[PDB]
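**Q** This is what each chain is made of:
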Amino acid sequence: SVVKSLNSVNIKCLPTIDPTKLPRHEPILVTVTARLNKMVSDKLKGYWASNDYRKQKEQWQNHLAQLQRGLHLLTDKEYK
Amino acid sequence: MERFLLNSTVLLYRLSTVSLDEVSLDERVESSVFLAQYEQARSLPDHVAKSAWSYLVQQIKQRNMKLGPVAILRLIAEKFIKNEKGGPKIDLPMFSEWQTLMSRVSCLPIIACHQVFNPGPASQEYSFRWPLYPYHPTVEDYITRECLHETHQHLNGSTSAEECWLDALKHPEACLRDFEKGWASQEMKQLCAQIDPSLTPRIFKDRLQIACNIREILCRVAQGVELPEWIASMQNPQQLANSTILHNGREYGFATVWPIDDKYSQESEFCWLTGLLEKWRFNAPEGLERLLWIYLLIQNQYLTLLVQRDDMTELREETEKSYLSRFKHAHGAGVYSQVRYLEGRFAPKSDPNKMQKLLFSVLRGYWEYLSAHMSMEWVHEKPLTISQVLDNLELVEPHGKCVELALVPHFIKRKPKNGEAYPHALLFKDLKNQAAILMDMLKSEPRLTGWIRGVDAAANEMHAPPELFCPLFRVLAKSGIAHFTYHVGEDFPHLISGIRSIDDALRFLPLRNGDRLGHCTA
Amino acid sequence: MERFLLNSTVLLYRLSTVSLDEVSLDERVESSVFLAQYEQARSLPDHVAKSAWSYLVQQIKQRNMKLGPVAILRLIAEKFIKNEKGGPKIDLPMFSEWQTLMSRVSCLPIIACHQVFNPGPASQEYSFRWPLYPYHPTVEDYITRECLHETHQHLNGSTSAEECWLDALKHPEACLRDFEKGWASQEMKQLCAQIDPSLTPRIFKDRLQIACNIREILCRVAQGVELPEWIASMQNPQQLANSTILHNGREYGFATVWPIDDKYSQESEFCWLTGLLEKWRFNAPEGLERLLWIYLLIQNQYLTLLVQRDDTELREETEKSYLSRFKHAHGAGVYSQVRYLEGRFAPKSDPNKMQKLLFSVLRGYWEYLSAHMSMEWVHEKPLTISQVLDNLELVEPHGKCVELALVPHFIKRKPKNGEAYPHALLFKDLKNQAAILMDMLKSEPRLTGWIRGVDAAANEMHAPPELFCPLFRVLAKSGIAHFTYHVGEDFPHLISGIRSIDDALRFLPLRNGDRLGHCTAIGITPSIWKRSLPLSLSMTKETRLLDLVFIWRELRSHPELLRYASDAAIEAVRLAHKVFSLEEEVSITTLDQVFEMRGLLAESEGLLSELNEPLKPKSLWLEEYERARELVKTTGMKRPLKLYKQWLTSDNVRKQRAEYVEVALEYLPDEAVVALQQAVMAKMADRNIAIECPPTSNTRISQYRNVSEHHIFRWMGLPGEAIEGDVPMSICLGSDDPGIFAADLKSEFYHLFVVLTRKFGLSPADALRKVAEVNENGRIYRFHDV
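Protein chains in written order, with PDB author numbering: chain A, 88 to 95, 102 to 173; chain L, 1 to 311, 323 to 533; chain M, 1 to 311, 324 to 798.
Any given hint might turn out to be false.
As the list claims (entries may be wrong) - From chain M, some residues computed to sit far from chain L (all C-beta separations above 12 angstroms):
(1) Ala52
(2) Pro197
(3) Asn624
To be verified - Derived pair list, reagent style EDC-like, types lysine to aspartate or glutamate, alpha-carbon separation capped at 16 angstroms:
(4) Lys50/L / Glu229/M
(5) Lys138/A / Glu22/L
(6) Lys50/L / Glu27/L
(7) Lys50/M / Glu501/L
(8) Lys428/L / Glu415/L
(9) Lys50/M / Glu187/L
Unchecked claim - Okay, the calculated bits of chain A under chain L, using three or more residues with CB under 8 angstroms as the criterion:
(10) 133–139
(11) 142–153
Rather than coming from a laboratory, the hints here were simulated on the basis of the structure.
For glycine and all other residues, C-beta sits at the position ideal for the given N, C-alpha and C.
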C-alpha cells in the first residue's frame with residue numbers, strides 16, 4: 088500500500110524485495126543493484142537516441158564496473 | 001581492410017537483429033569482421049587480420065572518436081582523397097588500391113565525409129555527380145587536346161550502379177517484383193545465396209524498407225528538426241521492416257518532408273549526408289550511429305547484388332530521363348566533353364511497338380543534350396517522333412568537342428532450347444524475329460542508317476556458336492547496317508577451347524575490315 | 001567435384017533436415033555443391049564448376065548407379081586407389097591430388113569401398129591400420145636399408161586424426177566438454193563459425209549423437225540382419241539425436257551388439273563398412289543410402305573441425333595409447349620403417365601429473381620392445397619408472413626397432429599485463445615446470461639418456477624467443493644437453509620474422525648440433541610472401557623497434573644495401589624517442605648495446621631487484637642471477653642498463669611498446685629482404701644448426717598455390733627454385749601437424765619424392781638422393797644418446 092502510494102514530491106520507490114525470497118548465500122546488496130539496474134536501464138531505453146543518452150550510460154557502466162570489483166572484496170572466502 | 005567493415009553480410013545480420021539500447025558491440029563487430037574477412041579474403045593470414053584490426057582500434061581511440069561509420073569514413077577519406085587543383089582528387093599511388101575499394105564500397109558516403117571533414121579551398125561550390133579521378137597533368141593535357149573514345153557503353157539500365165540504389169529506393173515494390181521474377185531461376189537463386197546466404201525475397205523487401213525508413217529518420221537529424229519522439233518505442237531495428245510503427249496504439253509512418261524536390265536523387269543524398277555528418281562532427285549516439293551503419297551496410301549489400309546480376324518494370328520506369336543523364340554523365344564536367352566518339356549498346360526488344368519508344372527516347376535524349384550545349388534554331392522545339400528528331404539531328408555539325416553517338420543494338424542470347432531435332436530454332440527464331448523489327452524499321456526511315464551502325468551479340472559463347480549468327484549478320488548487312496561486332500571468349504571449358512571459339516567467329520562471320528571483337532581474353 | 005560431396009557444411013544442413021521418404025534431391029544437392037565449393041575454393045570459375053558437376057552426373061548415369069556415398073566413393077576408389085604388389089596403394093601421378101583431397105575426406109571409406117569393388121589378388125589377407133602410400137621401387141628399398149628418421153611428433157594424443165574420430169564416438173560426453181571448454185574462449189568461437197556459423201555446443205552433441213546412432217543403424221544392415229522394425233517411425237535424422245525412438249508407444253533403442261567386443265576399434269569400422277558396401281554392390285535403399293551420407297558428412301566435419309582447432325580428453329588418452337603409436341610408427345613388417353623417432357610431449361606443473369605421463373610413455377615403449385625383442389628382461393611387469401629403465405638398459409640399437417628420445421616442449425602464453433616486466437606469470441609457470449623436470453630428473457639420473465631435448469612450440473608473437481635464455485642455460489647445467497626451438501613459422505612481417513630467428517641464433521644457448529623448428533621466415537621468397545597482402549601491414553612498436561635495430565646490424569655490413577641500413581638507423585632513433593620518451597641523444601650503437609642485454613633474466617640482482625640484497629642459497633640459478641649482474645655492473649657503462657629497466661619496468665614504455673604501428677608491405681625491396689635471409693644462413697650454417705621442416709602437405713601457410721612452390725625445395729637447392737647467393741643448410745624431416753587426416757612420415761617422404769620427379773623433372777636415382785639428405789640429417793642431428 089505504501090509503495091504504491093509513493094509510486095502512483103517525486104520519489105521513485107524500488108519494488109518490494111523479500112530477503113527470504115532469495116538464494117541463501119546471495120547478498121541483498123547484489124539483489125538491490127540488480128533490481129535497481131532494471132529501473133535505470135528502463136529509463137535509458139526511454140532516454141535513448143540522444144547525446145546525453147551516451148553521457149548517462151557511460152557513468153552507469155562505470156558505476157557497475159567499479160561496484161563489481163567490490164564483490165571480489167566481499168564474496169571471497171579469503172582475500173589473496 | 002575496411003572493405004570488410006563497410007560491406008559484409010554477417011555484420012548486417014549482427015547489427016540489424018541486435019537491439020539498439022546496448023552500446024558494447026565492439027566485441028561483436030570484431031568477430032563479425034574476422035568472419036567477413038575470412039569469407040572474402042581466404043589468403044589473408046589471421047595474425048595480420050588480428051594486428052590490422054587492433055591497429056585500427058588504436059587509430060580511432062587516439063583520435064578520441066567512437067567506432068562506427070562516422071569514424072571509418074573519416075579514416076578512409078583522408079587516407080585516399082586529398083584536395084587538388086581540380087577540387088577533390090585521389091592519391092596517385094593509392095588509386096590502384098582505391099579502385100579495389102570501389103568494387104565493394106560506394107564512394108558516395110566517403111566523399112561526403114571528406115567534404116565535411118576536409119573542405120576545399122575558397123569554399124567554391126562543388127556538386128558530386130561524377131566519381132573522383134586521380135589528377136596527373138600530362139594525361140589531362142592529352143584528354144583536353146584529344147578527347148576520349150568509348151567503344152562499349154550499355155545504354156540500357158542505369159548510368160552506373162551507385163545511383164540505381166536510389167532508384168531501388170524510389171521503386172520498392174517494383175524492384176521486389178523484379179527480384180522475385182528472376183528468383184525462380186536456379187542460377188539467380190544460387191547467386192543471391194552466394195553473396196548473402198539465407199536471403200529470401202521477403203528479406204530483400206525488408207532490407208529495402210529498413211533502408212528507406214532509416215533514410216527518413218536520419219534526414220530529420222541532418223535538417224536539425226526535432227525527432228518525432230516515437231523512436232523511444234522502437235527498441236529493435238526490425239520494427240522498420242513494415243514501414244509503420246505503432247506508438248501508444250496509433251499509426252506513425254517514418255516518412256518526412258524533404259526540402260529538396262527530388263528526395264531520391266544524387267543531389268538529395270549528398271545534401272542530406274553532408275548535413276548529417278556535420279552535426280556528428282564531435283558527438284554521435286551509438287544508436288543513431290548504428291542506424292547510419294545499417295543504412296550503409298544495406299546499400300553495399302544491394303550494390304554487391306546488382307553488379308553481379310548483369311553477368323521490364325524498373326528499366327522502363329522512366330525510359331527517357333536517364334538517357335539524358337548518361338549522355339551528360341558521359342560528357343563530364345567542364346564546358347567541353349571528355350568523350351568524343353561513343354556508341355551505346357542497347358538490348359533489342361521483340362515487340363515492334365517498343366522500338367519506336369526506345370529509339371525516340373535515346374534520340375530525344377541525345378537531341379535535348381545537344382540543344383542545351385549547341386544553341387541553334389532547330390526545326391522542332393518538341394519532336395515527339397523519330398522523324399522529327401532526325402530532322403533536328405541532321406542540322407548539327409560535328410566539331411569534335413561534343414559526345415558523338417552511333418547506336419549499336421546488341422542482341423541477346425539465352426539457354427539452348429530442346430526440340431525439333433536441331434539445336435537452336437526456338438532461340439534462333441527469336442533472333443530472326445527481333446532482327447525483323449530492326450530490319451524493317453531501318454527501311455521505314457532510311458535516315459536511321461546514320462545512327463544504327465553496328466550489331467552485337469553479347470551474352471555468352473557456350474549457348475550458341477558464332478557460326479549460328481553468320482546467316483543473321485549477312486542478311487542484316489544486305490539491309491545496310493554497315494558495321495558488325497561480336498563478344499566472344501568470356502568463359503570457356505579449357506584454354507584451347509577459347510582460342511577455337513575466336514576462330515569460329517573469325518573464320519565464319521562476315522567480318523569485314525575494321526570490325527571489332529569483344530573481350531578476347533582467350 | 002568429388003571432394004565437395006563429402007566435406008560440405010550446407011549439404012549436411014540440406015540433408016539432415018530433409019525427410020528420408022522423399023528422394024528428389026538432385027536440385028538441392030547441386031545448389032548445395034556449388035555454394036559449398038564457392039566457400040571452399042572461391043577462385044574456381046562457374047563455367048568450369050558447372051561443367052564439372054554435370055560431367056559427374058552423366059558419369060553416374062553411365063555407370064547406372066544412384067547419386068550418393070555408395071557411388072561417390074566408387075568413382076574416387078577407381079580414380080585414386082590402384083592395386084599393386086603391396087596391396088591397395090595410390091598411383092604416383094595422382095598422389096599429390098590425394099594429399100589435397102585428404103585434408104577434406106577421411107581415407108577409411110575409400111579403402112573400404114575399394115576393397116569391396118576392386119579387391120586384392122587372390123583375396124590375400126589385408127590389414128589396414130596405416131594411410132595408403134604410393135609405390136616406387138627406388139624409394140621403398142631406401143627405407144629398407146636406411147630407415148626413416150622422424151624429429152617432431154606430438155605424443156600427446158593418438159597417432160593420426162582418423163582414429164580420433166572413433167575416440168569422439170567412444171567419449172561423446174568428454175569430447176563435448178572439451179569442445180564446450182574451448183568454445184568458451186573466443187578463438188574457438190571464431191574458428192567454429194569460421195568453418196560453420198551454425199554450430200553451437202547444443203548442436204555439437206546433436207551432430208555426434210546422430211553419427212553414433214547412424215553407425216548402429218547401418219551396422220544392422222551391414223550384419224545382414226533385418227531392421228528391428230522401429231524404422232517405421234523413422235522420418236527425420238533429427239530423431240537420431242536422442243538415442244530413444246518411440247514406435248507405437250513401446251520402448252526401443254538404437255544400440256546393438258557387434259561381432260567384436262570393442263565396437264569402437266579400427267578393425268570394427270573396417271569390417272562394418274566393407275560388409276555394408278558389400279550388400280549395396282548393385283542397389284541401395286534410399287533412406288539408408290542418405291543415412292550413410294550423413295555419417296560421412298558428420299565424420300568429415302569433425303575431422304575438419306579438429307584439424308583447424310589444433311592450430324578432459326588428454327588425461328584419458330594419455331594412458332597406453334603410446335604402444336599403438338609406436339606400433340603405428342613401426343608399421344608392418346619385422347623391422348620398423350622409422351628408426352630414430354623424437355616424440356615430443358607437453359610438461360605439466362604438478363609433479364604427480366608429470367611423473368605419471370613419463371612412466372606411461374616409457375612403459376608403453378617397453379611394451380613395444382617386448383613384442384619384438386623376445387628376450388628375457390630383468391622385470392617382466394615393470395609397472396614403475398625404475399624397473400622400466402633397468403629393462404631398457406638391456407636393449408641395443410641394431411637398426412631394426414624404433415629408438416625413442418622424449419623432448420618436453422614448453423607452451424608460451426599471452427603476456428599478462430602488470431608484474432613489473434612483460435612475462436612474469438608466464439615465466440613463473442615455466443620456471444616451475446622446468447623445476448619439476450630438473451629435480452625429478454635428478455631423482456632418477458638415468459633419465460638423461462631419454463629426456464634429451466627441450467622445445468617451446470605455442471606461437472611467436474606471444475613471447476619473444478630471447479625470454480628462454482635464462483631458463484635454457486640452467487637446464488643445460490641440469491644435463492638435458494639438447495635445445496631446440498620452434499621459431500619463425502608465424503610472423504607479422506617477413507623482415508620481422510627474420511629477426512625472430514636471428515634472436516634465437518644470437519640469444520639462445522644453441523650449441524653445434526642443435527635444431528630449429530619451422531624456419532619458414534628464411535624459406536619464403538619475398539615475392540611469394542607478398543602474394544595477396546595489403547599494401548601496408550601492421551605490427552607492434554616493440555616488434556618494429558627490434559626489427560629496425562636488427563636491420564641496421566646486417567645491412568651496414570652490406571656494401572651496396574647501405575641506403576636501407578642508413579635510413580633504418582636514422583628512423584630507429586626516431587622511434588626510440590617515441591618509445592622511451594627520452595629527451596637526450598641516443599645513438600644506434602647505444603640502441604644495439606641496450607638490445608643485446610635483453611637476454612638477461614629480469615629478476616637478476618642489480619638489474620630489476622635491489623643491488624644490495626642478501627645472496628640466495630646456491631641454486632642452479634645463482635650462476636644465472638649473478639652472471640647477468642656482474643657483466644651489467646662491469647664494463648664501466650651503465651647508461652644502456654638504465655634504458656633497459658624502462659624497457660622492462662616503465663608504465664609508459666611498456667604501453668608504448670604494445671601500441672601498434674603501420675609498416676609498408678614493400679618496406680624493403682625484393683632483393684633487400686633476400687640479403688637478410690642469406691645473412692641468417694651464413695650465421696646458422698656457421699653454428700651448424702639444423703632446421704625442422706613441416707610436412708609439405710600442410711596447407712597452413714595460405715601463400716603457396718601448390719606444393720611445388722614450397723620453400724623446402726629452395727633450401728635443398730633445386731634449380732629454378734634456389735635464390736642466388738643462398739648458403740645451403742642442414743634440413744631434417746618431421747611430421748608434427750600435417751593438416752590432413754591420415755598422415756605418416758613415409759607419406760611425407762613419398763610426397764617430397766613425387767614432386768621432384770614430376771614437377772621439377774628429376775631422375776628417380778637423383779631425386780631420391782636429395783630427399784635422402786633430409787632423411788639423413790634427422791640422423792646426423794639426432795638427440796638420441798650415443
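**Q** Now look at each hint and say whether the structure bears it out.
**A** For each hint, the structure was consulted:
The claim that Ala52/M lies off the interface is violated: its Cβ sits roughly 9 angstroms from the closest Cβ of chain L, which falls inside the 12 angstroms cut-off. A Cβ of chain L approaches the Cβ of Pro197/M within 12 angstroms, the least distance being about 7 angstroms, so the stated non-interface status is violated. No beta-carbon of chain L comes within 12 angstroms of the beta-carbon of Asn624/M; the shortest separation is about 41 angstroms. Taking the CA atoms of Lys50/L and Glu229/M, the gap is near 54 angstroms; set against the 16 angstroms cutoff, the hint is violated.
For the proposed pair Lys138/A and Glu22/L, the alpha carbon gap of about 9 angstroms is at most 16 angstroms, so the pair holds. Among the hinted pairs, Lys50/L with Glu27/L is consistent with the structure: their alpha-carbon atoms are about 13 angstroms apart, no more than 16 angstroms. Annotation: proposed proximity of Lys50/M to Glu501/L holds, straight-line Cα distance about 15 angstroms (limit 16 angstroms). Pair hint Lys428/L plus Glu415/L does not hold up; C-alpha atoms about 39 angstroms apart against a cutoff of 16 angstroms.
About 11 angstroms separates the Cα atoms of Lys50/M and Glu187/L, which keeps this hinted pair within 16 angstroms; it holds. Restraint check on the segment 133–139 of chain A versus chain L: 4 residues with Cβ-Cβ distances below 8 angstroms, three needed, restraint holds. Residue count for the segment 142–153 of chain A with a Cβ under 8 angstroms from a Cβ of chain L: 6. That meets the three needed, and the coverage hint holds.
In summary, the structure is inconsistent with hints 1, 2, 4 and 8 from the numbered list given earlier, while agreeing with the others.
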